[PDB]
Amino acid sequence: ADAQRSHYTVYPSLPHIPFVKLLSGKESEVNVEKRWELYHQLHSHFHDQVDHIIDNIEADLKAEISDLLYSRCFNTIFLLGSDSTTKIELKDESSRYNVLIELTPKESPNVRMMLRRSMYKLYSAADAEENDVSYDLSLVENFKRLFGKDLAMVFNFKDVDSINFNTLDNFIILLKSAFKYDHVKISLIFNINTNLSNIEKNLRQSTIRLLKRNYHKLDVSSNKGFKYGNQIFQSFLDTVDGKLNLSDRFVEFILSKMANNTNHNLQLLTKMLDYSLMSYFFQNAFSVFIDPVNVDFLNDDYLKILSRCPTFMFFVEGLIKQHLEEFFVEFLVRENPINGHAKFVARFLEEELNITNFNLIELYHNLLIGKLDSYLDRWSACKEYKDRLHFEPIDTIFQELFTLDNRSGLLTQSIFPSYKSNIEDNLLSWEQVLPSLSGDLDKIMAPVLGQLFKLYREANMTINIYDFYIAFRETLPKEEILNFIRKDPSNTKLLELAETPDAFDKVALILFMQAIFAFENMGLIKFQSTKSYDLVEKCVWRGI
Amino acid sequence: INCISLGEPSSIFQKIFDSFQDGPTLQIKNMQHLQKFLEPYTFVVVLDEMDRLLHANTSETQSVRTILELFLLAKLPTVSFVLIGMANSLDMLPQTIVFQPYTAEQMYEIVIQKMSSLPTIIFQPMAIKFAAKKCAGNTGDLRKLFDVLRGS
Amino acid sequence: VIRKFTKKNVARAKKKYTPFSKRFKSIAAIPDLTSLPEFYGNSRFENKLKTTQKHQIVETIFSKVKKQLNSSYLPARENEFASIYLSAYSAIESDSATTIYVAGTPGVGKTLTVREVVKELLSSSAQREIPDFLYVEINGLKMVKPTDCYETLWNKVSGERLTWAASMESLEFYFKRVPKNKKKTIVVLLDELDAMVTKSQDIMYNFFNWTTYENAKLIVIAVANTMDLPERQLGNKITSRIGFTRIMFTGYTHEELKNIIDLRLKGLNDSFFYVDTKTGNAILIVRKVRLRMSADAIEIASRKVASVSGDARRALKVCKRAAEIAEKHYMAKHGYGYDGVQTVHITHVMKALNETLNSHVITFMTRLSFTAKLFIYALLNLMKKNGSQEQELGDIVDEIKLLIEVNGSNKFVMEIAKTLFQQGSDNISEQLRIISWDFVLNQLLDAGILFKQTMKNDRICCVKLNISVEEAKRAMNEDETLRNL
DNA sequence: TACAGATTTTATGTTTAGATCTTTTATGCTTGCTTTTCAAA
DNA sequence: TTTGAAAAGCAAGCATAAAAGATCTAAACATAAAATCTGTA
Ligand SMILES: Nc1ncnc2c1ncn2[C@@H]1O[C@H](COP(=O)(O)OP(=O)(O)OP(=O)(O)O)[C@@H](O)[C@H]1O
Ligand SMILES: [Mg+2]
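Heads up: the protein sequence lines correspond to chains A, B and C, in order. Under the numbering used here, read the first sequence as residues 132 to 675, first letter to last. Under the numbering used here, read the second sequence as residues 1405 to 1556, first letter to last. Under the numbering used here, read the third sequence as residues 17 to 501, first letter to last.
Some clues are possibly wrong.
When the alpha-carbon atoms are kept at most 30 Å apart in a straight line, the in silico BS3-like pairs for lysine-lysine are as follows [unchecked claim]: (1) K198(C) <-> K1518(B); (2) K222(A) <-> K198(C); (3) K237(A) <-> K23(C); (4) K585(A) <-> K657(A); (5) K192(C) <-> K64(C); (6) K24(C) <-> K275(A); (7) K1419(B) <-> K32(C); (8) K274(C) <-> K83(C); (9) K253(C) <-> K1419(B); (10) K1533(B) <-> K253(C); (11) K20(C) <-> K218(A); (12) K1518(B) <-> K192(C); (13) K31(C) <-> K1433(B); (14) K1419(B) <-> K196(C); (15) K1548(B) <-> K196(C); (16) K38(C) <-> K1433(B); (17) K1419(B) <-> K274(C); (18) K38(C) <-> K307(A); (19) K1433(B) <-> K367(C); (20) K23(C) <-> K252(A); (21) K31(C) <-> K1548(B); (22) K280(A) <-> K20(C); (23) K38(C) <-> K1440(B); (24) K215(C) <-> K1419(B).
Worth flagging that the hints you see were computed from the coordinates, not collected in a lab.
Work out the full structure: start from the sequences and follow the hints.
Here it is as structure tokens:
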């Protein structure tokens, strides 16, 4: 049995797009193929600009690291908020070899391993460009005697917050011994993810005095000044300009979920925008109508479901208070210039007022509701240019058929679910999971996990297991269970066990114990012993 | 295949392979290569002293590790594999056969049948029964009986 | 290619890897290994330790006695000899494979009896009552690695040099598959069997499982320390295969040790020598000097050694030490250097026997300095008050300080307090430790008097006495100063 | 045959991941006693 | 407005889990000389 094994490879037999037919199965296959192609031409258009933004931020980070690095002590650079993913490339200084040595806390169990890995890397690089030596600091001593050139070592410490600071400290005083050699220049790069006050209290004061003689802070992250982010958001807006609308609830959900992630918020933003575009091109049959080519096959179902619109209902109520398909086509040529307004406001903030620290997503939020003035009042420099920079949000009929919105709770169920709470509400309720349609037992007897979770919830923090078994046993009908266990006459041992007078005390106990070990596997309960199984204590409370 | 002559317990599949072929020589380091070698074809391996195949200084799970890989391939469909694993009880699902330690009458029958080749029986019968009774009970060894008669 | 480390001192033997099972086409194609030149054994270093002597060295009367009592140069082993010879002769004659288990205490003549059995079997095979056999001797303590036995025995059988795994499979194939008419009987002595015990017991099981094979013709004589070595350190398979009939070598009685020593000194006791009085050289048949060693001295040495161990080495060494003591006194009184009745008396035997019985622990602690004695005395006071058997070093420091400051009217303490706390000097401050504190601490740790815990805090590190408390007190009771306080 | 190169075997050193046992310290149950708000008059 | 009374807090003591680490080993990683296998020649 391969299910009783660790890993097995199988090759399925074989005797094509995942998009389904909408409009309750009435949509044609050509609309499905068109919706597939339109989703891919928007998706590729967004992600190409994402690729160019990622390449640009990597290249600019390399450029500023090189500028800080090349402008009888260390040259120290603290990269604050660094996730240790940067490739630090070094120029080929003439008559001198520049060597990069990277160190991981897994590669740093002690000072000896740090030096041996560093010196092996140095000797490997020096032989790869230009008899063996001892992997030791005497190679730094005899580097000019063995290679002719002099040396410039750049140490990049990946993930300094996770390293043992005693080992790093002793490695720093060990590297300090190379200052008495005339041909040696040493630079250190510390990738700090918390702040500098955590690392100045873990090193010794002599180490701090050693590192103070030549050091540069550089706070480089994704939240630094909001530049990279706003570029991704503007790329997404330029992808959907003229075809799609962003709801204010969608933008505020983006702001709320991007507030809760600091180190990796950019690809989170890309992920939420990607799943929103996937949701729109999977749900809406009007997704083919974002270009004017596909307006030639609007059927009765399209006119039926575009008539259930609040904006259209408000518009026709206004017309009947004052006073179909061609009129619906007429609402496609309009511009909706809010994206151009947002990029014009961003350019006016950037290169007129020299304001860079603004969030374009929150600016788009305040433009979507209409509270741009309260957002622009904070800088105290747009007092006289606020009227020209303000424009009213226009209302367009049938906007909600072309709209990325968040009203159903889909985007907070697939990307940021209430996982523990979902398990708890599935276990406690259980009629919201299983359908209400053993024909008699399913209407009176609960599933064993759901029935056990009720007495789990209403008990105390430490539970005696036998009284918990008794409280499980009082919730079960013994006569209906014995009738259901006698339904199949083809099993002899079941029938000879059922007529035994303690059959229900066997059945309820073993269903109870399989539910107890299921609860132990999920992690709801634990045992307050190792050799005994007499008392449990619970670790999971609902609602937290 | 006796298992003390193995170097590593993980090499037994290779010892299974080299016991059958001449030809080509392919490296066997898991049971999968053995399974694909025996797949296009039956084969009986008799693993004596299989208690050596347990790994020392390894957690219960990893210690039993190789042996069930010896056994679960013996419970696979479309492979022609029969495993007969003889092991000593004192030192330590497949079908289990137990060899009970001999009693006095069985040892008497073994001794008389085994020196039935000799023309003249130099032992008295009650001496053989006394030696068999003294070499009996729990852990009844026929080697002990042979040593007792040789010492006599 | 840049190497992550180098092994520049590799010394690899020229030993081949192909075993014996793959050098012939089949079992029926193997030739007669008895009629082969390299099989069954069919010294180059002895010249290197010879020089020219240019002095006539003077050998006194006791020199022949001391050379006579050496272990290198069997009245009491006749039943063990008979049992081992009968078992080995019956196994050689019947082409059988067997195990002979022998165990005993050191020096009771196990190796000597096994070698005499083997020499008598070779003498019997020389005049053709038994088939010819090979003799292999493997000592477990003379192996660098335990698997070298595999490399040794096969090299004695085939003359080939292989690696240990290949040798093991070669021996397995030779013992199991080669027919008995095609091979020769091999008798292997396994000396110091406890040194061939590994964690997995591969070698023990292999050596005693080859004896259970039909075609093996292998006789294994296993020599060990104790009877219950298989029942303690071996599995039930090896204990079953070794067997139940195990041969005890009990210690010698005093009559047997006396007979061994008298059989050594048979030709030179109560004898006459020509001794030149100017130089002392003695020649067996200028003064005719009669040499004797008394039977009462030998008797009581045999009684003491037989009560202690039964070791023939110990009895021979006690007699040799008595002869050495007598020769030292003789060469002292006669002015004899190195180039009418001489008796090895009973007092020399009793001087030899008590020399390993006098204890230098009390003598060593009696002649220590005052500060080391003060350390030991303060440690004894701490063991008296708190009763811990392990005292902190800071407690010893404060107890030494307290013992100094309480007995401040004692004349010796008044004379020596400035020495302990200022080294007799102004411009040296009052010290927190006494002078030579770590010196006497390391001195008592070097002697094995103390045990010190491995801690880096000097105060709460504990120190334990490694010797008994009454000999320490006894040594403290000899001193005139520490008796008074 | 036959020799040069490639691969395997056997042997040893280097470093990491993890198990097992021992010792000292935290924690939880038990029993007794005292404080303090809570449903009822 | 009281009022007694049960929920809750404090403390000592002992059994026991658990952290910290001393000691050790298996396995991954690494090198390397002699034997052995191909592979043409
Ligand atoms: N029966 C004996 N007769 C004479 N000399 C003996 C006798 N037994 C022992 N010796 C002497 O004692 C020496 C030590 O004996 P032997 O080497 O046989 O000891 P052993 O019992 O094998 O001890 P160990 O366990 O230390 O190897 C011998 O070399 C010999 O000089
Ligand atoms: Mg010996």
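Results of checking the hints against the structure:
no.	hint	verdict
1	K198(C) <-> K1518(B)	26 Å, holds
2	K222(A) <-> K198(C)	77 Å, violated
3	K237(A) <-> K23(C)	26 Å, holds
4	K585(A) <-> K657(A)	17 Å, holds
5	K192(C) <-> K64(C)	43 Å, violated
6	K24(C) <-> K275(A)	26 Å, holds
7	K1419(B) <-> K32(C)	21 Å, holds
8	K274(C) <-> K83(C)	18 Å, holds
9	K253(C) <-> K1419(B)	23 Å, holds
10	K1533(B) <-> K253(C)	25 Å, holds
11	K20(C) <-> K218(A)	25 Å, holds
12	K1518(B) <-> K192(C)	22 Å, holds
13	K31(C) <-> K1433(B)	26 Å, holds
14	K1419(B) <-> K196(C)	27 Å, holds
15	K1548(B) <-> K196(C)	26 Å, holds
16	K38(C) <-> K1433(B)	23 Å, holds
17	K1419(B) <-> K274(C)	60 Å, violated
18	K38(C) <-> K307(A)	62 Å, violated
19	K1433(B) <-> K367(C)	69 Å, violated
20	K23(C) <-> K252(A)	20 Å, holds
21	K31(C) <-> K1548(B)	40 Å, violated
22	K280(A) <-> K20(C)	23 Å, holds
23	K38(C) <-> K1440(B)	27 Å, holds
24	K215(C) <-> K1419(B)	23 Å, holds
Consistency with the previously given hints fails for numbers 2, 5, 17, 18, 19 and 21, ordered from lowest to highest.
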